Amino acid sequence: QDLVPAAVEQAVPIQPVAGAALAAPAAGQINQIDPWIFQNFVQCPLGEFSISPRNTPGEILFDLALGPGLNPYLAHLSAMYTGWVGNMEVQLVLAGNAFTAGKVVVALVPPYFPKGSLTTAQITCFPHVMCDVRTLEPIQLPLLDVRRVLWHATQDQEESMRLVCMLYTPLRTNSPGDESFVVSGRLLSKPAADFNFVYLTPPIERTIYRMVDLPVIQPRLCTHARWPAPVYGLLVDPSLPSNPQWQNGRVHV
Amino acid sequence: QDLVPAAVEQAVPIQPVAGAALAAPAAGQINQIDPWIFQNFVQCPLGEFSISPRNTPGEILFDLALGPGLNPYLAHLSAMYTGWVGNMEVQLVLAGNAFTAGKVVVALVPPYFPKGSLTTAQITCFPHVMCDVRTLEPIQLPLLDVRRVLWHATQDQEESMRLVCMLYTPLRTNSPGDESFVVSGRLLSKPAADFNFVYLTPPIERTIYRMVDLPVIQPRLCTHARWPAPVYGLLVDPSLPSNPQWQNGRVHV
Amino acid sequence: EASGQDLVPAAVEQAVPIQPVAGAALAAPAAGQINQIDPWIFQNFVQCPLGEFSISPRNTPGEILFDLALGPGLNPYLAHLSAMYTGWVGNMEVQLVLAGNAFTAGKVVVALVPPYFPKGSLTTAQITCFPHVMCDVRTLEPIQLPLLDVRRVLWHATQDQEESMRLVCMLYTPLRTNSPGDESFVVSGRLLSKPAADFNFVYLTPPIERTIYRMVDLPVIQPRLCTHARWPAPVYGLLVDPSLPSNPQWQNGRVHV
Amino acid sequence: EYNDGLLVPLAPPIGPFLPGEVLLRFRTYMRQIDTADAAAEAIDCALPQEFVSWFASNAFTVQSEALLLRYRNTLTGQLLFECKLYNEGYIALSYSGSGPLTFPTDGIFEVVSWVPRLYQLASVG
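Residue numbers (the authors' numbering), protein chains in the order written: chain A, 19 to 271; chain B, 19 to 271; chain C, 15 to 271; chain D, 407 to 531.
So that you can see chain A by itself, here it is in the shape it has in the complex:
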């Protein structure tokens, strides 16, 4: 005889990847990190997204990426080292009342996957864990380090195991006022059991993985960008052309 239950936890399964056990020979040093970073989740840089009744099923909502730029400690220790190798763990938190139905699926896309279009029936063939937009408590996933080069290099922006999240079943509320009920969601992430940077280096303080800060100056004192006169006021207007092609005052981030 036997008995197979009809409701089980999700529990994405893994097969561990080696961290600083492949890249110890061919790397100069292997640097530990403050072992109380491993112990609490913390909001990523990219940790903010929003579902909404205007999101057709298929729209990729947040596309994370393994690396030290997911945890503002590693994004800050990663200016003292020249490379990182190991795993991580991600956690997402949704926020919906009992009026919103619809599921999202988060899937650990591996590296070297052709970054194109993933239709809904194609996102779930990966390892994934399906959670719907009412759930209360956080839900977490192991972001492994499927790779082929021994240890990645921070200032290089290598290619590594992503984490994609598709709106599986269309989000739709019952019919009180809809269309204006963005279900916000946040992310967080912590180094896994086997993460450690790979060579010491002077903190160059001009590196990737540093959160942009805009100059703390009121827009009254600023100097305008198309006429030598102070900025006199900021405003929005849908009447004037909403797609101008000015030349000056045009810089990327």
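Incorrect hints may appear among the rest.
Unchecked claim - No more than 30 Å apart at the CA atoms, straight line, and that leaves these computed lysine-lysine pairs for BS3-like:
1) B:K133 to B:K208
2) B:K133 to B:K121
3) A:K133 to B:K208
4) C:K208 to C:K121
5) C:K208 to C:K133
6) A:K133 to C:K133
Quick caveat, the hints were computed from the structure, so don't treat them as lab data.
Got chain A sorted already, so can you dock chains B, C and D onto it with the hints?
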């Protein structure tokens, strides 16, 4: 003394059926499959259905069927082999807010059952597991392989243990805007512990179990089917006869 | 056995000077998933996609006959499993069936050219400097020979990107026949191949539709029913004709493969 | 007429649609000779010939009862509608209004999955 509780898990019970232990003698080979297919659910081909306030209690919602055409890996390995024998496991996911009440029952109809009308009181006498349209997490079932021929044959479309799902208690929402709140639902499926194809064979690439793909061409460039002139535009119209009997341009799938 | 032995039966894998090469034992701790390929693929040889070639007496010495690169595109299986997984490793074993009539001559050379070698000329002077094997175009049995995987990254990706140990041969000394009448025996070749002891795929991804190793499917409809591409009229018969100009530049019905 | 006035075996009329569905129509215009006006006669097929020469030369096997096609725009990737191709050779679409509604003609058709008869399509318009 004793104590009998008043809320227990569902847990459809089984008595295992032999997979590749009956059909090893009378079959040429017995082929394993990539043992990381057994480890994650994945959306079936037929994995999409929808409940809605216009579904009287009794309407069969999704009628699956054991076979390699429930898991787009097996539906893709099954072009290299000539037969399959073993069990599988199915999981369904519903999506309802706290405004929709009503239960569905999924039942493992055996083979050689006269495919006719199943009234609600007749679907539950099978092994089943009753779940209602609010439930959050997935709910799964073991799809066994009750059979009488040793090993089925892929290109034959044998008869095997189905899986039916009837709207037990009529779905009805409270009275915000109803009648337009389709509760969508998805399916997924993974090979069970004892599934393995049965004879190797050149991948014929013209076989059953291959997902239809429509030609990627805009309907402007296409050639019309009732006059030698390019297709000039697609539209819907309820005024013109909605049941024409044209002869040309009439092909099945 | 056949009858008889005025042929030359090379049944032995000739000794190539190249060390063994580790396969999926350098990708086990860096591909977070267990994978194996059906153990009945390792048993019988089977023709590659590119399987056929011909050594006709007109082929001068130096014309590369078959230049096939190590990868999943060397079986009908390993090229049809490699639409699920993303990446491979490991060795391979390639046969070579060239059993020309007993009235022929001339020899070919097969050279395990390593990665990162500039594709292109590869003239008949620098095909022997590689670790090579010389075999006669009369050889009866199949001539096994390995195709190791020399690489500097753990496991290659399954997109055509990577560079792997090609296995190119070359018509070393030309095929010339000996029978006393009005015929030269074009020796046709075949190419069978099976994954080695530890070939293996790594990570399991969805079997995308427009993958890279779709062989080709030509539509199964008679030319009698098809439509012409230069006049709105059906096709009424196909034929060959040398009389008409044999190099036109019609600007209709002209698509690449 | 196919006989003089007698009957003739012919394909059944396109159906049946669920409550609230209509038939998508691939409409083209023809060479009309008349002196009434410039209302070019419009004839509408159920599938473009590029589909008939596709299903008849590929020979799939229908899984359950209908495919679920999404009419993704070619470049922006937005669902213009969500139609249901019944396997008997027509493309139903859950319309509600009373006047004709013309869609853009540069959308790439794409399947998402098989689906039974009872699937309640998301309404358009």
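Against the structure, the hints:
no.: 1; hint: B:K133 to B:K208; result: 25 Å, holds
no.: 2; hint: B:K133 to B:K121; result: 23 Å, holds
no.: 3; hint: A:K133 to B:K208; result: 26 Å, holds
no.: 4; hint: C:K208 to C:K121; result: 25 Å, holds
no.: 5; hint: C:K208 to C:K133; result: 25 Å, holds
no.: 6; hint: A:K133 to C:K133; result: 29 Å, holds
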